[PDB]
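Here we start with a single chain on its own, the form deposited without the ligand, put down as structure tokens.
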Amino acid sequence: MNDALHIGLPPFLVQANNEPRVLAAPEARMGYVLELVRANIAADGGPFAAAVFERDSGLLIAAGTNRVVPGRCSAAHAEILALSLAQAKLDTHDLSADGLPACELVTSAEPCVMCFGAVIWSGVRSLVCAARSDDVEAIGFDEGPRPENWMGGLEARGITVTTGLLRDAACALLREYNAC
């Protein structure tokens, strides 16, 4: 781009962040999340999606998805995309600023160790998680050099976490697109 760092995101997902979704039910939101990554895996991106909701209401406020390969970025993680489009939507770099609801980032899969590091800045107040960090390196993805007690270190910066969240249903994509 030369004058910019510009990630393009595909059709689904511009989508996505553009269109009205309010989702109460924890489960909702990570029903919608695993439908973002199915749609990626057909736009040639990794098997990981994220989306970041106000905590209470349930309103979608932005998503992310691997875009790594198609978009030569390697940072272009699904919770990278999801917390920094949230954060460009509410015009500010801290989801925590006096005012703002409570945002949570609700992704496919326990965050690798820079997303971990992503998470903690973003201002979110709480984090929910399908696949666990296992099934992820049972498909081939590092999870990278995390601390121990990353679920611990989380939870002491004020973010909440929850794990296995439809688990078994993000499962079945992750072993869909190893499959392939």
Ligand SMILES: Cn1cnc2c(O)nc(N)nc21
The other form holds:
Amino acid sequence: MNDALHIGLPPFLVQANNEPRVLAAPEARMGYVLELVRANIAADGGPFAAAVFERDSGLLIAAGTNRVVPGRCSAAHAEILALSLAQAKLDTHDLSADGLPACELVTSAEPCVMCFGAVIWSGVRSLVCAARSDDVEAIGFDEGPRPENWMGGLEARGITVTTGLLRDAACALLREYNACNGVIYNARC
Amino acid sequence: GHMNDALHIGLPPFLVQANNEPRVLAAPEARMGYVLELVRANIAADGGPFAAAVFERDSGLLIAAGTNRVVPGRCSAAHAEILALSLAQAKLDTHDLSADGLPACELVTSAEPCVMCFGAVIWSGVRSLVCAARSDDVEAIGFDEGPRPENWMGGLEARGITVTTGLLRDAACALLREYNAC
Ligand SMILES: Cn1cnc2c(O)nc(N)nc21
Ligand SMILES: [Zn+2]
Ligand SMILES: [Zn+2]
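Could you please show the structure of the form deposited with the ligand bound, as a counterpart to the form deposited without the ligand just displayed?
Complete assembly follows, chain above in first position.
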């Protein structure tokens, strides 16, 4: 607690980070990220997941999910975990460091203003999102104040941006979380 | 780094100690003076020239302290603010610093936050942010604040986080300059 910043990973996320995995097509990468969303929701976390891949080979470097409530840490969004775990594994703060393959972050949702800045500092060269900011806000979450034309912001820093990839499935998982997110017991959740 | 079951960012000894030693600093300038000591300690421990600490806003009881651990920590998210807010939340056992019955918390920072930390401050539940060095001062030694929204301060204030800036600005700048020179 008090000698380190320590956010524990639920087993399914340990498993995801331990098992070698190559997913070539963007839809394959996002399909896998959306499996983590569903698993995270069943392990007490928020409806968001993200993974860092080698952009050109499809090799999964590290995955993260939203652990804000179970990990008691408002910074524990999926993207922060995924980026930080990828950095720890490749032993550098800078995923663009000399000698590293170009890295891509694939995220179940467009980033909040915090994760937006994290993406910029991280060194990934591309960002691929499923759910749009409006989908996320629809179930009550807040993206916070991003700068005007944040996507342009990214591209002007050499970070390519794609969004809407498997958005339908991503929206369906947001709604499942929402519909199970009350206090009144509903066997079915 | 080592462990595959956690995101684990180790803190250097002065910062472990800052996090486990009792300190009550009533005046704003006393809080900021303490954060500036951390800045200089962190530089000597191979970190960036930034520190922050979360205090109880009224009493000035220090809850937790963070510094920039990006390079030695291998973690671009390890800015001073992210560590200080996260360690405070850990110690108070909640992801939300304005959870009912917790005292109002305040983030005292050696410089204005970058766009990432600006987001982190919004989600954290702190009700006050107090900065030393300005954005300009920070760019003037080659750190990037990133594309923050126009009127980031009004953004915080509209969400119930009061903002004070420039507090011991000159002292904090002298440490920025020293960092940049060495
Ligand atoms: C809005 N929001 C809250 N938590 C989030 C997370 O972990 N990822 C993304 N993309 N958005 C989030
Ligand atoms: Zn986020
Ligand atoms: Zn920052």
